[PDB]
Amino acid sequence: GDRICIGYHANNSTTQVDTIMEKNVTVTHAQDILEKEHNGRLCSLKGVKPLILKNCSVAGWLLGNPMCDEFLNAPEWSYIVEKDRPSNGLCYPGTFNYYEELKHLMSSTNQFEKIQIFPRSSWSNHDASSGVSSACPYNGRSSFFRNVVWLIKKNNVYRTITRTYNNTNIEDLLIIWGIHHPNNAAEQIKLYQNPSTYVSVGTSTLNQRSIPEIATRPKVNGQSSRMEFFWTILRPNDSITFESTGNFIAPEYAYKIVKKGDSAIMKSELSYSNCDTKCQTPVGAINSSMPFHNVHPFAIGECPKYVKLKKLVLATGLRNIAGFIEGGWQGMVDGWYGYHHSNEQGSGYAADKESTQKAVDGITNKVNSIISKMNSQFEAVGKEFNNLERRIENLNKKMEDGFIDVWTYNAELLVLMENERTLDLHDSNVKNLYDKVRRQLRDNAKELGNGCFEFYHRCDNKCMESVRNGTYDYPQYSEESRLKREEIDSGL
Amino acid sequence: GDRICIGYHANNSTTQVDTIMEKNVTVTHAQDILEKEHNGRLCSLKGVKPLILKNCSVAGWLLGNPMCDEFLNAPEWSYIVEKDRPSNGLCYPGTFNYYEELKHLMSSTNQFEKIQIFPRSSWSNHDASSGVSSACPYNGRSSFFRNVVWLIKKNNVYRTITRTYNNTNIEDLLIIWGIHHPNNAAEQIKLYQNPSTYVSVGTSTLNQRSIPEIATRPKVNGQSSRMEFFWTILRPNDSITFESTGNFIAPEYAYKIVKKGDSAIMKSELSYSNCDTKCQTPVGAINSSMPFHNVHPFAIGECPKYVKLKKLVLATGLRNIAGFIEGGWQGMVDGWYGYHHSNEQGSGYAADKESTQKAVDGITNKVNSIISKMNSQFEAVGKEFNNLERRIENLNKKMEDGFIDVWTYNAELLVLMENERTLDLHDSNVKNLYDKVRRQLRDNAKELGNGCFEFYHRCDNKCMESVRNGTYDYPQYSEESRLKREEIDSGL
Amino acid sequence: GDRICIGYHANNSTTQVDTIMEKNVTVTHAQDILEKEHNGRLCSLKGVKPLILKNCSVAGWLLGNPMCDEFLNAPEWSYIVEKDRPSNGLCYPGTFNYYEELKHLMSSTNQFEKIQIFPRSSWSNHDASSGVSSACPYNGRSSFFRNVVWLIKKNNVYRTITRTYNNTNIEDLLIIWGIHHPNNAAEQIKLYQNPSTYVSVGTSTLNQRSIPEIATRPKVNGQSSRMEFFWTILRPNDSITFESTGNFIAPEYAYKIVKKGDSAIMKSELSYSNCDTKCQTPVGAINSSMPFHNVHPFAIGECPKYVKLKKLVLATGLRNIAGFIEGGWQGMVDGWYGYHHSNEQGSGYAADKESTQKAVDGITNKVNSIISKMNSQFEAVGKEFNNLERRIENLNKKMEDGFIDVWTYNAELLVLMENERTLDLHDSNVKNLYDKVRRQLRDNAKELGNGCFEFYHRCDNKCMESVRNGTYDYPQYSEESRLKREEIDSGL
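Chain order of the listed sequences is A, A' and A''. A prime marks a further copy of an entry chain.
All letters in the first sequence, in the order written, are residues 3 to 323, 336 to 506 by PDB author numbering.
All letters in the second sequence, in the order written, are residues 3 to 323, 336 to 506 by PDB author numbering.
All letters in the third sequence, in the order written, are residues 3 to 323, 336 to 506 by PDB author numbering.
These are computed hints drawn from the structure, not numbers from a lab.
The beta carbon of each residue, even a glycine, is placed where N, CA and C say it ideally should be.
Please note: incorrect hints may appear among the correct ones.
Stated by the list, open to error - Taking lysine to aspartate or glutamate pairs in the EDC-like style, the calculated list, with each CA pair at most 16 Å apart, reads: (1) A'':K460 <-> A:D457; (2) A:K380 <-> A'':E24; (3) A':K380 <-> A:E426; (4) A':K261 <-> A':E393; (5) A'':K450 <-> A'':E461; (6) A':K387 <-> A:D20; (7) A':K258 <-> A':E72; (8) A'':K412 <-> A:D415; (9) A':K498 <-> A:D503; (10) A':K262 <-> A':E115; (11) A:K269 <-> A:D457; (12) A:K411 <-> A':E393; (13) A:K460 <-> A'':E461; (14) A:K498 <-> A:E468.
Stated by the list, open to error - Far from chain A'', by Cβ distances over 12 Å, these chain A' residues were calculated: (15) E24; (16) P77; (17) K85; (18) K221; (19) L409; (20) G465; (21) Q490.
Make a model of the complete structure from these sequences and hints.
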């Protein structure tokens, strides 16, 4: 009789982690750090709503396609939401030069303010009310973009146009003008009368003439002609002058860039519900508490970092279930490691929070420190490209997948590598706890091989805990012990 | 007399791995996972042959340079093979607009079918048989591209051309046309007679006029004039119309994109031998059994992942060579760890496949699991760029080297890091095996310090293996043992 | 009496490293490998000075803006130094086509030699001395770019120009020409008299007409007109021909690319001091002895690798402070591990350089081997982009930050991971050293639990070191020992 056993915690936990060498091992304490859920809505970002283009495209909005809403309030936005194939773009066919680059400039701007530079009624020298077309219905009557004017000959004449705008604001200004390409030569004179025309624009930074390419093309929303648009940022103090003898499509309104910052053009077929998140994906929002998610690679806001995994669980606790050789003590709470009182007066299971506090520490200090090392992890950024930019487009994707594949690898093999060390730690602690016991009770005790000690003396409860504190003095029971040792020697 | 010794395997192996801390350490069992060989041929990919352009370039092929083969069979291809500096490109000098982007579109397409849109004999209004040139010999007589027609004035007139093609197929169609730039004004009238000409093309997505730039340049394959080509993809249901009053170079044949998928334009001076691989490099094929190779960074097919190393060896077995303290037991087969019978009846070397099966397991389960984590590793993709695209070209290469340098680093430091843990495992197993022995034979045995036990009792062969199974009961020999212990005490 | 104790080194060191699990742990021996200092000057690279543009831009230099220095010596350069917003660029306003790509070509070229192709006095057919302007003062009188000529009508006529240059040199040649865009039609005739003009250039590789876009723009350094420049590399054996009837701005001097290699255009507001480094950043030079620095991401030369850290310390030695259980022996020099002579004749502290030499080895062999694995680490490369290239610009930066964030992560978690293994090694060594002692002195000694042994016999100094060498024979003192053991048994 009279013993002591060194064991470890074990409990109702059934969550199970993986490591490099073994897989799905059951553990007691562990933390999942993958987010895999989303609410499937489109929401404001930390209070500020997205600009939702609805069925319109960025171009249809900026030009004022009769079908597209204007934002008369001049709001700021957390991000912009375009559908994947918007219905309302260039109602009048044509192309929009360096369009993809303009959108990119949107991504770093948060608030426009539409302002009027060339009032539609100030074109005393031409017809400003004819330039409309069936290709651009509004309320089922022919019409036209609202923010640029399709100036037409007046009383069979088209006086060469020179008009300037001196940008006297603090902000940069986005301005869009355009030029008309007719079907045939008859139509050219029919609208503008000068056989040969041009549209030239001048700033400090930007010199460009433009001339109408007359060619027969197929009908598109009613129209074999096309109209080509251009744009520039006119810096504060600079001015812009338009020269034309025809085909000029004049800006009425400019766009004041009043707040630049972080935004994006998110492509999603969702529409806004009354809902605010920290982190938004084109398929829903994200409850950004975990450090990792696998929901979508284009997320914006205060987001966890995206990895291509289906599982990511940190191990922090123990493996699940007399003597540590034979498994764990379900009968332990109030600690991770410890002992067992089998005494003249005893009954077991007091912990060694000496070493459990020192281990609950460096475990939670290691897992924090793990989230933190991917602070700088690759987040992906939206960009678009045209049908003659395929090479670059694929470049970009290889870059974004390239970094995701990398960080996903980092993410995994960090978890499993430290998982193995977390568990190698417990095995170490247990056998260490053992030793501080063994190396103080030395001649007075039997190494029962299970991981327990039988006493050649009597310990008692105050000397019992005197093994916890490393207190035990070999001498105070030395001579008592040496007697019974040499009885079992030559006894029984 | 009467003993037992705990030892580990050791054998004729001489393959040697590295780790972080020590280098070239000799081991017993290990697996090389670098491929470094190649057969130096160009082969089909899993049954399907490459399109081999021979001395021709992608342009010379697509336009039908008289020197280039046509593919009348309409085959599909695993990949396309261009030489590095092909001899047959634009036989007639000029430039090929957005050529580099066209090639990129090749890389994602597997099978053309040439079809005739504008039959050469249907140009009743012009001379279709004169447009040939010494710059384009076929059989040593002047000639010209085969898939586009160099329409010339007929009987000193050049009626303005309008011709359309409505694309009624399911597939996209690649079409190439072109415009002629003459030496001087005399030549312009000499061939097309209208002093001022244009070439305009119209689709839904594409509006472009083109006008001849008349300038004296140096002779190139006979010709100071140049000819500029263009191309577009005409989508199903769309149509295309060409307008010209001169210099038009008309398509005869279009190209039906009938199979898109994974392919590439591989630059190699090899030519095809009768040979099929899974993985092909521009210097030869690859016996894709290893997870890594260092042969070439542009490989295509079911390929191992390329790393810039010269060695990559996993350690899975032991280090090479009474008692484990002093090295390994060459005299062990049928296991990795185990013992030795030195008995009244004994002779040594029965294994502990208890722990060897449990370790041959997690070793082969770890090495599989290592190949798998680079499942998502960066493979590089061919792209070309023109002399005004250098920035992007270098961008791309920095990206591709950037990811290769990364994954090569991952690859190495995965091997060495787990190599060190594989070997730390064996040391652990050996000393653990020891303990399950020691902790059952306790008072009845002498800890000879070599890693062996001498018996204060007698064991015998059935109790012998009774240490393997953890079977041994201390009591059944306890009193027998305690006698001889206290004889060596106060004996001899 | 009569004992022996196994302990480890401990000393005045106070440098402290981190690992994954614990942080700032004090150690004895360690090596910092982060560089964080710089001298704040601009210096030659290994003997060869930078080309310092001063207040001029690459364009103002190459064109010979009257304000910019010429380099009459034809020097080679280690790298080029542009200020961030240079004062002297196009003194005459306009734009410089594919400028950003030209600069990139600078980065891979080390030495020009200006040579004269079209001598300014050889324009017998036009006015070569009028083409000057207030926009380009030199000594406060109107003037003009020095390396191109603003040819003007002579005696009210402008004979169509045809001039050629056959490039008969071995080197490539950079040539720049230009075309003038006037305010209005009156000015066009005023200078060149032909109402309609062109500027066409012909090489093997390059065919381009150019025509003056006449439009009113705002005054810039005096001038509402603009002038547009172009450039090409004319390969050896090729020729170039310029055709014009007006607005031609003719090259006088070409640039011989005579040494290509590694250089760069470094943007810095510093100016050169008399100073040479191996590694230069736009904020100063770098004492490139460490493997890592955090000074600046664009460094050039024989540079350490840049990481975004503030600390990077390798641990190689021990943790700081009878028996190893209780800390380290300040009283040890001449080794890392070892013992202590407490003997009939003894006094302690002789080392076990058996195992210290074997550990000082694999520690310095591991730290070298760590610097080496980032041999291939991502270094960043300068590139510039125009206001319509934003997408690509941001692509590039995401790429360069993307790889830096990665390698910074690698760098850190390599240090901390091996730091933990370096320290796990010492704990291992110490307890191992212990064992080679314990397993030879076995029955003759008391395992005092502190990590020391008391002798049931007497050892003496020659048997003392006989524990170092593993020499000790159990038998020579066995019978002497067994006597006193069985006295403490049944004694006192």
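TODO: Just pull the numbers of the violated hints for me, sorted ascending.
DONE: 4, 11, 15, 18, 19, 20
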